[PDB]
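In structure tokens, the next block holds one chain alone, the form deposited in one PDB entry.
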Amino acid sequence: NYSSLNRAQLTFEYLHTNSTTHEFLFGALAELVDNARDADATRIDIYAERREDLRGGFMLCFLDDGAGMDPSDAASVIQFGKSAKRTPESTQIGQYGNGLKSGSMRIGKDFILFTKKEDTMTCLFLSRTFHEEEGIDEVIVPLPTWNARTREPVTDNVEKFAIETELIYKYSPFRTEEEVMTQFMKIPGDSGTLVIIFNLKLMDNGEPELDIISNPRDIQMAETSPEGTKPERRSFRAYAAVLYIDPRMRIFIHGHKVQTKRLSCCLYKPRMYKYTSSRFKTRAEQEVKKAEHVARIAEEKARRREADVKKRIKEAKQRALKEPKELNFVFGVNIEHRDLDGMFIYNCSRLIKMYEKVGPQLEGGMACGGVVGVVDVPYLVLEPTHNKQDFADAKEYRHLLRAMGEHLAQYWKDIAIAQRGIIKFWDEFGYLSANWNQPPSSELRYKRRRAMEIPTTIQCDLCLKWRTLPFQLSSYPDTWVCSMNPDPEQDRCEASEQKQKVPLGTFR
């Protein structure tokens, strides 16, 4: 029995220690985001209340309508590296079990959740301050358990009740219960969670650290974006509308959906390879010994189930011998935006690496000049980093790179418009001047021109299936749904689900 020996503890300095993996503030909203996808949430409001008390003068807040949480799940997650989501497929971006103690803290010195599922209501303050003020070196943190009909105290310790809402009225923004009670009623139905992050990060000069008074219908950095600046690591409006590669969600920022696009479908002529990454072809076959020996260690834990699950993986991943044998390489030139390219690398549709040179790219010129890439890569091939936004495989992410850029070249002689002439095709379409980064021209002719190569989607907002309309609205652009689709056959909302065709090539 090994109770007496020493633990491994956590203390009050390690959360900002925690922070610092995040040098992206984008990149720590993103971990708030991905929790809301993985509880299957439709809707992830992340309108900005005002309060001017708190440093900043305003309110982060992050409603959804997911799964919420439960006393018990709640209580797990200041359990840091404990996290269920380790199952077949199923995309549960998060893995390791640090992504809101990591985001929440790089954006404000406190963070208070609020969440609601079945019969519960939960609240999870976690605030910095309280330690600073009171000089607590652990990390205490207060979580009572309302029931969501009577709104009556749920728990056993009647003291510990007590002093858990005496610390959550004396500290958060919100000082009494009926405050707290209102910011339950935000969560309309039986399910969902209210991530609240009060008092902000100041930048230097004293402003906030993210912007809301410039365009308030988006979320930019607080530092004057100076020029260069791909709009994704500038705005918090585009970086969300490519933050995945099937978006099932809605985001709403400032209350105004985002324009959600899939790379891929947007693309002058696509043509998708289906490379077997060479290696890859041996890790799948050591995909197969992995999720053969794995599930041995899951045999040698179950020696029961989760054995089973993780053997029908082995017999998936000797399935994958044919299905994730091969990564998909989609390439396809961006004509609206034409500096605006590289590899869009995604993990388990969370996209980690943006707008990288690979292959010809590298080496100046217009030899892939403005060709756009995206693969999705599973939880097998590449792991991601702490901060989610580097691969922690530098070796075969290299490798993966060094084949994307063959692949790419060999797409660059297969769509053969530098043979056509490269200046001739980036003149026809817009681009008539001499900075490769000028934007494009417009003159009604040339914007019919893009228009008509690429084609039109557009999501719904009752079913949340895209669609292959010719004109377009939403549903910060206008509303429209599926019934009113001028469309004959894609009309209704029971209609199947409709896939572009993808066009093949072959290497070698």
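Residue numbers count along the first chain shown, from 1. By rigid core we mean the largest C-alpha set that fits within 1.5 Å across both forms. Compared with the form deposited in another entry:
Only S277, out of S172, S102, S277, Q361, shows a C-alpha shift of 2 Å or more between these two forms on alignment of the rigid core.
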Given for the second form:
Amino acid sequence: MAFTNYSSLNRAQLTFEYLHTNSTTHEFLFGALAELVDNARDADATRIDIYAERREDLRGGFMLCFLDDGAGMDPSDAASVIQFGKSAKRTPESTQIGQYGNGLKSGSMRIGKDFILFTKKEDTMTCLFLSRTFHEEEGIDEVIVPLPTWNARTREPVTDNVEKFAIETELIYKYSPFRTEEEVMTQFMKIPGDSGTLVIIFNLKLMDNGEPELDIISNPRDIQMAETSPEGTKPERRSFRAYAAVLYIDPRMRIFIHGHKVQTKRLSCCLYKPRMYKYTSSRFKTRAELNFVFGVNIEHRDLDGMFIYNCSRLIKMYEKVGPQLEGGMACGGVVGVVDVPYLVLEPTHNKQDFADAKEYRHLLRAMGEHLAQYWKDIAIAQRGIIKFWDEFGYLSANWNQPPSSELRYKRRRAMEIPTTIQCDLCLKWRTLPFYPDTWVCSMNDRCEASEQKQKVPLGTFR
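I've shown you the form deposited in one PDB entry. Could you give me the structure of the form deposited in another entry?
Keep in mind that what follows is only the chain, not its partners or any molecules around it.
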């Protein structure tokens, strides 16, 4: 469309320090990790394995590896990775979470100094090496990223510039944890399917005490934050397992941390007397309703608040709205969930907030109004608040104190919330009337049975 040529004009160029600048957006390391998990999901990965390869010769002592069997990346897609702001996912009606062409870079540079990405597709295996260590050691102001490609069957380099490929592979072997083509190929074989991605973030960030920010020792099945948990802390904020469990409102991709599947869950289904309220979005209709799902978290009443999902991705968690902002038990314990499309509210640079604060607060006020409506609809006054709560084992006067673990109260709580579960093979969510490692439809029903989704009672506002 340009009327002339702009080859001689200056271009806005990235610098090695802008990688750290980009990383600083993640005050939530779990958001930084969620960026890679979102990339894996958008890659149509059926599972993402988030494990740690111990490496004492690397800062932090271990590499953080995100292995997914998604669509992978061809050489052109891998090149487009380092095209900041480029996102083929940013398309109308897209269900993909990536739109900013920035999540992978920001999250990886927040988690660790460098990240080496191995991706595989139809007939090509590409390694993307974003080595901040390389830049620091060689005084590179630009952001140079080797992108060697091999033929996935012959392992022969697929390139037009042999010298370019040689330099790329030499840099990878020199500054990466994989010092030989044999090690590079070994990391490529960790993608067993025809396509998949293996994002390895190494030289992790260290706290002031020299230890990594991510604690993987206190719980080998979890990636925790290396920091003492005050009773007021939220598992989704101190435990990456808990965070990834509710990281998506419609979790299809399985998430494994250190080889142990994360029991992904739908708060829409894990609640007592859930109810959907339709809210008409003037912005949504102008650019084209929302579904405010409310329910009492009987299992843990202190883990209440609104869980705002944006394009099925968790942005705001435990967001207190409506009467919850007051001092009192009114609407205490009620959990709200909403999947906000991108036409309504877009996420922030770190995808831990919403760019349009005005409309985000409008949504929060609407959700508070609907939360009060839900509280009236369930009409706990018909029962009474204290009697209602102690019915589920909350005998203690304390609010954050978990309910008594008597089998009576356990059955009382469980009898109301159906125990949904995802099949490890067909990825569909099932139900049972009345497991950590694995489960399939046959263990009630079969993998071909249509997904009988949770139909929620519909309420109305006013």
